[PDB]
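Put chains D, E and A on the given structure of chain C with help from the hints.
What follows is the residue order along each chain.
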Amino acid sequence: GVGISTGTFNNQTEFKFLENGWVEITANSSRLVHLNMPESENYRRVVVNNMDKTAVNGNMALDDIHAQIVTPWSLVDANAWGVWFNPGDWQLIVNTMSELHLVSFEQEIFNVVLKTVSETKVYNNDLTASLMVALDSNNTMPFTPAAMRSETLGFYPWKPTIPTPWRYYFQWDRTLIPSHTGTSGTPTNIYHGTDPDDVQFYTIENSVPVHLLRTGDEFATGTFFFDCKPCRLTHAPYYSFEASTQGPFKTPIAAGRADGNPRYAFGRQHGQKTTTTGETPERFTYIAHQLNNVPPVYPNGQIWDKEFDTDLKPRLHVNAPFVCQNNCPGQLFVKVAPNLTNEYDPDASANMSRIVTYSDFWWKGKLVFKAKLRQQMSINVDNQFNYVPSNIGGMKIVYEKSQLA
Amino acid sequence: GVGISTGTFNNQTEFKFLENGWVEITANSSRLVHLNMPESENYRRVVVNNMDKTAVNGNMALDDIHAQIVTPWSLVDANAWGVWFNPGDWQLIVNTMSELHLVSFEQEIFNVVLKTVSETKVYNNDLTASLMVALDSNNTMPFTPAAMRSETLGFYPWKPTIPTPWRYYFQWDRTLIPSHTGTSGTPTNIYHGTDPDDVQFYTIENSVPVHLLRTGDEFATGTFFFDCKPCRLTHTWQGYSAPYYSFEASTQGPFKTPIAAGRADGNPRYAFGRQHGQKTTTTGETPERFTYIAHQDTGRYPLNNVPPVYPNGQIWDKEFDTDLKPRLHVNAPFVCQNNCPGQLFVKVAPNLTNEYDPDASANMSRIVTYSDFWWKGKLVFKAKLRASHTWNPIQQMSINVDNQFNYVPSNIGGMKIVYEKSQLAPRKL
Amino acid sequence: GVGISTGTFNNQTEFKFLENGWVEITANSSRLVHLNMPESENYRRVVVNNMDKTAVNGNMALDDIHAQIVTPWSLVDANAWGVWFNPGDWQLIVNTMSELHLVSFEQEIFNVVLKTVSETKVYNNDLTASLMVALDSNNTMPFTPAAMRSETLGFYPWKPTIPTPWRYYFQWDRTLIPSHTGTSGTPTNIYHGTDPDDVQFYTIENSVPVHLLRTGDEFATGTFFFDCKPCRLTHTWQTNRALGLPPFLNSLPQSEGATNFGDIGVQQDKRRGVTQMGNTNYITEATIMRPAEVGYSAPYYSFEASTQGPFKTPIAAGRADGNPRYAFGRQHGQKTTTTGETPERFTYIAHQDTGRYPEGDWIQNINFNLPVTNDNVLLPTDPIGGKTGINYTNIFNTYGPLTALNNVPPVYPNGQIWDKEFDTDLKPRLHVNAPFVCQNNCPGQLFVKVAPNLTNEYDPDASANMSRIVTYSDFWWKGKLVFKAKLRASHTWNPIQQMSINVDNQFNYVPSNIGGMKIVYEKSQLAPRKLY
Amino acid sequence: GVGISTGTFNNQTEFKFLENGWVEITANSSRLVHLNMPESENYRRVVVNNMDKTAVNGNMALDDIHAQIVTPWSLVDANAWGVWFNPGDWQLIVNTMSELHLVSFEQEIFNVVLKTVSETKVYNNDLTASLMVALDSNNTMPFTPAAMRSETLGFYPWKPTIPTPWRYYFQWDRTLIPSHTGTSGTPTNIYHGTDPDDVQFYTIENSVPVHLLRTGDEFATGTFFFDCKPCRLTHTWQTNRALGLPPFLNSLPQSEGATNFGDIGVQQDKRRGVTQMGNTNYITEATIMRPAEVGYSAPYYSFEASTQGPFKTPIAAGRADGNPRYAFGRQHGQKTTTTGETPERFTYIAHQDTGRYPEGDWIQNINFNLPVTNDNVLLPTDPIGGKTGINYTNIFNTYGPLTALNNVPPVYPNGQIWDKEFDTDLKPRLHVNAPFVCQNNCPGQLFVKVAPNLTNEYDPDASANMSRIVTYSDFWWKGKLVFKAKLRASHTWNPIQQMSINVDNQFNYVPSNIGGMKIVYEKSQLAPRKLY
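Residue numbers (the authors' numbering), protein chains in the order written: chain C, 37 to 155, 162 to 277, 340 to 361, 372 to 404, 457 to 540, 549 to 579; chain D, 37 to 155, 162 to 280, 337 to 361, 372 to 410, 457 to 583; chain E, 37 to 155, 162 to 361, 372 to 584; chain A, 37 to 155, 162 to 361, 372 to 584.
Chain C on its own, in the form it takes in the complex:
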């Protein structure tokens, strides 16, 4: 019933030394996930357009036009290195391993809590409510990794996290004619529409089976198994763009030398010193010491990515060190179910009235690696106070290098 705990928290990293110099690294991660109800229950097709900001000449790069489907579901995405390791185990990993294999992965949701709010405020339990959960075992919905927009789960184990609200790109048509400063006119810059052949409207309910979870039950994924090739730990015009119906896009660069090497911007969930004020994210440029695979990036580096469905297939992915050879883990989508009031009628155009409900549920992840034992990464006077908390409770995770030897 309600009073039985359904799981156990686990955030230890286990290093099981095997025969012939191999080692199995089991990274357990566990977070307390907070989830508020959706803003609206209906899917919305919204087109953003910053024409007033980019109709001016000489800022072709500042283009934001994109059509996306706002989906009420929220995405639980642990695809980032910071979710699984603190600086101690990554220090051990970079210092003592040589190659690294991505082995297996599982998740589970446990100890679901659902609460309601009413007027001053009072918070009450709703034992009858439910949390809608869906796992995309067959990848019906599009693959949307949250590490790109920096919206994965928080890297700190002892603080809660929120899942990112889920959305995907609609397919549209756009043309923009570039120009330099002092150009003698306004180039063409319009939003055509959507090609009907490219219209695709995915929905979680039609696609994936949804498990309704009350306060006393669980959802658990199967142990999804990888077969990716290993990544070694031992170790192109500039000012260029291209364009299509998507609009302009900066060209890809295979390897490094606010340009060249990749720059990561991030917030307080994702390694920034938590207690600093302001909305400004803290940033780093990953100047690595260096086909050759891209290097991992503690903690905003994405771990895995999907192979493309195109006839062509690139030699390497710019954004992740590993790539799904044939299949990826299923994306986990969550949503607090509609808690309706008695005044609901569906034949009124007004949006439905709902009881203000929110959910707290614990997530546990397990991620297994296999690695072969081979500078020395170490603490020093300069970097010392980055790896311990402040007086008033702040903490940061400075980025670190994945290839030293």
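One thing to keep in mind: the hints can contain errors.
[Claimed, not checked] Far from chain D, by Cβ distances over 10 Å, these chain C residues were calculated:
#1 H70
#2 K89
#3 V106
#4 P220
#5 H222
#6 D239
#7 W470
#8 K570
[To be verified] What the simulated footprint calls covered on chain A by chain E, stretch by stretch (three residues with Cβ under 8 Å from a Cβ of chain E suffice, anywhere in the stretch; the number is not a length):
#9 63-72
#10 167-180
#11 235-242
#12 253-264
#13 507-513
Simulated from the structure, these hints should not be mistaken for laboratory data. Just so it is clear, CB atoms sit at the ideal spot from N, CA and C, and this is done for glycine as well.
What follows is chains D, E and A alone, placed relative to chain C:
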């Protein structure tokens, strides 16, 4: 479920006699433990610096400068004699036993209650919330014995108790040069910092498995068996010397030299609160104190193991990790040779409001929550009955007209637990 | 879980019949027990002293000095007849059965409910809180029968009852030298304190395992089995004068009438017989040697003082003096619709005879000059020590090897069923408060307590008393007391006395028109029995 | 647990057809029963005494004098036809079936919901409270059928219903000497009290096991099996005059018409046959012997007195006198939208005849001079005792050995199904209140009561009533009542009378605009039966 209890309260002390003059002494103990949520979840690195008191010349002994990690957890510690034995059982043990061993220790948390508070206050059961419990099985965390700070559980089975909030020493660099009162100059007094090489930052989440306990399920520690040497409940009437009141110093600051003997210099002086011996209905913040003047006469005017001190003294302690280990520990009679029983850490889980978002730098908004959970443990000893070698009788503890009323309550609920000596019998050296 | 009932209510009485005349009387009793939380969680050593009432000269008997350890626990005690039998069953037992054994006993608490109070008032279920239950099976703790204080459970299955807050005598030392009205000064009336070696501080927590019960669990004791001697539901009418062969009447009467008596045909000094007064020729029914003595005189209303203070001497058999007096409240027999604090009272005048009549006794000189002179005889009229109100019977004591007595009768509904034997080396021959006495061990006392339900502001290092959520519990109690009894036989031509409803006591056994019930005392030893 | 349902609502009637022309009618019934807590938890003894109304002369029949023991418990009674059947099912019974037996019966309470009210009004649940449920399987309690007060469960499946508060008769003595308007003084009219040898105070706690039901458990009464005689759904038209062989007719009619009668040829003083009136040669249809007497004349609107005051003499079969008059409320047939205190009423005019016509009766002298003079005949126009309004038929009784009766017909929807046979040594041949009579045991009555939900201010020693949390409970009752019925076969050429819907009675069997519903009365015995 919610409506079914999970364990039984027990404070019985059981004497089971065995062959060859040995006695098994099973000391059960049970308490009701009140746990508030942490003041803040974030791990804090706090430095305290009493330079105002220490800078005055002659105040070297008042050095209270240190650095500590303030954990968002609390420790349930039962490493004190008073938790297990009432005065009558201690009288029986001291008066009839010559030697004493340890056998085992287990624990459990049962009947979790988890309540919330709303504004005039009104109290509501939140059946869904969880109590985090983590037992450091492998002794990964620093061992922080609670008896030295009088932080152990209460010694009265009827009064509820509280767990100590947990905190451990971070490393700090410090130096102080002494100066007597009347010295005109100001000595060196500086907090140097902390060595990078010696930094250690542990968290409960990454170090130990953490069980969640809703309001109808248990946690049970397996019976951890000791291997300690015998403790003698007799004193030799028939020693060593040391520098009196000499304060040595190191990277962390000054520290007094421990002495393996005593007269009142050298003898340990305890200070404790109302949970742990002081009369419960006396007002004021001052602690009750005594000095344990042992019978063994190991000291000399200006070796054998330390006495047991009832009710405030320790039972066991962890052996040092150094290659060369000391002859004895000044603070407990027994010492675990490879591992001590694991430390039990408890915490009320976060209970967030709808307003929460982590991109704000401020502390999280929460629903006020507190936990009442029953705790039970059993501590297994093994003792040998004495034999009357001498013609005369030995000294024995006894109620008498002076100490009579210490052992029974007052006209109101006042109770106190006075210390008794623990090696009354003499032994031939 | 929470919503499943965990037991049944049963207040039936079953009379199962066995071969050879025996009957098994299984008496089920069930109640709804209401328990408020303790006034304070701590143990208190309270000392009571009514020095002002006792300092007045002549009030030796009004002493109430004692020292009691007040305890947060409450005791669920069912040791009284009214808890088990209603008046109709008692009619059946006393009228039909002769002997009455005690076979077994068991208890169980079930369907625990537990609520909280908060301010107007709102009552909320507090499911996760606990009721704290203990059963002292080994009888390590002091025995405390609730029957003596009118503190047992209620005698109505349809009224909720309450448990008694438990308390036991701590040791004390006291001296109270007597006085009469208008004595020369103030006698010594001081409270010494407590001697150290008799101190005994008991607590539930250290002594017995305590079970924690939530809204959805039970506690049941085992079936205790007694070994008590039989109690007799008959009574003996024969004093010494009624034993043996009566004298041969040589001259029987020739007509009916109270005035026409029979006559013994031989002069008193010429009669034949056997007598113990060897220096006398007279043989009379007052002087003929009987086989033994039935009953015994005792110094009635004598007070003796051990170290704890004065107390009355118990008298084994009554006539007045000796006969017990029961005072009881509205749970236990007083009319429930009455106002005021005055208890309803009765004196149980037992039918059993074998008492003494102190105004009829006398002592005379050994020489035995039968028309006795004043100087050779001592009467109840004669003062002892010059006090006009005291005579020799107030100090006399005929207890000896020749004395024979009966056990005290049962007293429905307020009396006590069983009792524990003293732990002394030499034990008493009877108990004045119960017919059955456990020889080795008695039913274990059952203790109950509402567990601490703390508020967020708890701080055990502070000296102030703890703040608790106001909690209270209602739990159903059920018990099963099994008797074994023999049926009587019509030994004699005449009928015997039986209990019966008549026009006088009719309305004592049915409720009034506003719900007022009462239970009135019934005699227990109606039928006569041959002593010799 | 709390959230798992524990039964299924069912109100189907299933007609299973066996071989040899029998039908097993499985009557299921289900009702939501609402129950408030008792008004007062004590058993009360209340005397009703309307001396004001019966002291007016001539109001003797308005004697409402009685003592009863009002109890906290409430009774669930389903002993009425309307609870089990609807008009369509009743039609299929009475139009098709000849005999009806009673086979089985079982009950079950399920899905107990308990709620508490706190002052605006907010209705909170109380998952820990309990509902007491008792079953008198042994029939130890006083039997109390609720049909004779119209307090059975309601007859509509969708409406919720309430159980009757329970009460039973205590003993009393009364005398009421009758009088008429214009009498010279006040007759004796006094409540004598109660006699001790007849006192009987039953309590549910002491006499049956009582189960506690929390929200999540059931109580299932086992299947009770009847042994009652067949109730017949046919009626007997044959009076004494219709028995036997008719006379031979010589002059049969030759034309059709209202006045075209036949004639018996022989003179009345020359007919052949057998007659009882031996001194009379004349043979005729009022004279010819018949095998036995059908029906009996009884003294109508006669009253007799016993220790408990006056009462009416019942009559087995009515023609007015004897015909039962049913008064009933909105649960039990009256139009549910009606307002005000007035029961809907019907008088059940049975089809069966077997009655008497008092204005047609007469007695004449044994000589029997045929054109009887005035002084040789006692007509119903003749006074008895000089009273012009009271004739000989008012005091007449001709029950005898030759008297044949039919059992009382069923009455739909308010008629009682079964009744308990008297515990007397000599038992009545028929009961007038229900067709079936249980020879040894009827089904155990099912008593219900909300448990005491106390507050923290309770002490038993207070004279005032205990303070309770205002509680009420809703629980689902289910019942099955299995019959066994024989299908009729058409013996006659002609068609029989049948129940049928028509234009006049159309809107009695369907609801109104505002949801009102009514259940009108239906005739039970329709098809004629061959008596002889």
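Results of checking the hints against the structure:
no. : hint    : verdict
1   : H70     : 5 Å, violated
2   : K89     : 24 Å, holds
3   : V106    : 19 Å, holds
4   : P220    : 35 Å, holds
5   : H222    : 38 Å, holds
6   : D239    : 40 Å, holds
7   : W470    : 23 Å, holds
8   : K570    : 12 Å, holds
9   : 63-72   : violated (count 0)
10  : 167-180 : holds (count 6)
11  : 235-242 : holds (count 4)
12  : 253-264 : holds (count 7)
13  : 507-513 : holds (count 6)
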